[PDB]
Amino acid sequence: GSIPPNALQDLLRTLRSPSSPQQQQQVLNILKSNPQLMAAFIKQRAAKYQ
Amino acid sequence: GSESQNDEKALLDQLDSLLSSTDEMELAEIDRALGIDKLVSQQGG
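Taken in sequence, the protein lines are chains B and A.
Under the entry's author numbering, the letters of the first sequence match residues 2060 to 2109, in that order.
Under the entry's author numbering, the letters of the second sequence match residues 1038 to 1082, in that order.
So here's chain B without its partners, still in its complex pose:
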C-alpha cells in the first residue's frame, strides 16, 4: 500500500508550479489550505525563524 491523495497534491502543486515570484503570494494562502503539507512544509517555511 503506497499511494498519496490527489487533493493534497493540488494544494502543494500550486507552490510547486514553476511561476514568477509574484504568484508566491498565493502559496502562503495555499499552505494553510494544506493539512499534512502544513506540518511538513512548516519545516522549510517556518524555518524562516529557525
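Note that these hints are calculated values from the structure, not bench results.
A portion of the hints provided could be inaccurate.
[To be verified] The calculated SDA-like cross-link candidates involving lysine to any residue, where the alpha carbons are at most 25 Å apart (straight line), are:
| id | chain 1 | residue 1 | chain 2 | residue 2 |
| --- | --- | --- | --- | --- |
| 1 | B | 2091 | B | 2102 |
| 2 | B | 2102 | A | 1054 |
| 3 | B | 2107 | A | 1040 |
| 4 | B | 2107 | B | 2065 |
| 5 | A | 1075 | B | 2105 |
| 6 | B | 2102 | A | 1043 |
| 7 | B | 2091 | A | 1042 |
[Stated by the list, open to error] Distance ranges between label pairs, derived from CB positions:
| id | chain 1 | residue 1 | chain 2 | residue 2 | range |
| --- | --- | --- | --- | --- | --- |
| 8 | B | 2079 | A | 1065 | 18 to 28 Å |
| 9 | B | 2081 | A | 1039 | 30 to 40 Å |
| 10 | A | 1054 | B | 2108 | 13 to 23 Å |
| 11 | B | 2077 | A | 1078 | 26 to 36 Å |
| 12 | B | 2061 | A | 1061 | 29 to 39 Å |
| 13 | A | 1074 | B | 2060 | 29 to 39 Å |
| 14 | A | 1052 | B | 2109 | 11 to 21 Å |
| 15 | A | 1040 | B | 2065 | 16 to 26 Å |
| 16 | B | 2082 | A | 1062 | 15 to 25 Å |
| 17 | B | 2092 | A | 1055 | 17 to 27 Å |
[Claimed, not checked] Covered stretches of chain A (chain B as the covering partner; in silico rule of three or more C-beta atoms under 8 Å from a C-beta of chain B):
| id | region |
| --- | --- |
| 18 | 1046-1053 |
| 19 | 1068-1080 |
C-beta atoms are modelled at their ideal positions from N, C-alpha and C, and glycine is treated no differently.
The hints should help you fit chain A onto chain B, whose structure is shown.
For chain A alone, coordinates are given in the frame of chain B:
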C-alpha cells in the same frame, strides 16, 4: 501519514528543499500572515 512515509506530505517534502533558497524575512510575512503557529497545534480534515 500513519504507516506511509510516501504520502503527499512526502511528495513535496523533497522539492520543498528549494524553500531554503528563499528570503527568511519574506517567509515570516507569510507565516505570521496566516499564523501557522496555531495551525500546527491541530490538524484534521
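Status of the hints after comparison with the structure:
no. : hint                         : in the structure
1   : B:2091 to B:2102             : holds (14 Å)
2   : B:2102 to A:1054             : holds (9 Å)
3   : B:2107 to A:1040             : violated (29 Å)
4   : B:2107 to B:2065             : violated (28 Å)
5   : A:1075 to B:2105             : holds (12 Å)
6   : B:2102 to A:1043             : holds (17 Å)
7   : B:2091 to A:1042             : holds (21 Å)
8   : B:2079 to A:1065: 18 to 28 Å : holds (21 Å)
9   : B:2081 to A:1039: 30 to 40 Å : holds (37 Å)
10  : A:1054 to B:2108: 13 to 23 Å : holds (18 Å)
11  : B:2077 to A:1078: 26 to 36 Å : holds (33 Å)
12  : B:2061 to A:1061: 29 to 39 Å : holds (35 Å)
13  : A:1074 to B:2060: 29 to 39 Å : holds (34 Å)
14  : A:1052 to B:2109: 11 to 21 Å : holds (19 Å)
15  : A:1040 to B:2065: 16 to 26 Å : holds (20 Å)
16  : B:2082 to A:1062: 15 to 25 Å : holds (19 Å)
17  : B:2092 to A:1055: 17 to 27 Å : holds (20 Å)
18  : 1046-1053                    : holds (count 7)
19  : 1068-1080                    : holds (count 7)
When the structure is compared with the earlier hints, violations turn up for hints 3 and 4 and for no others.
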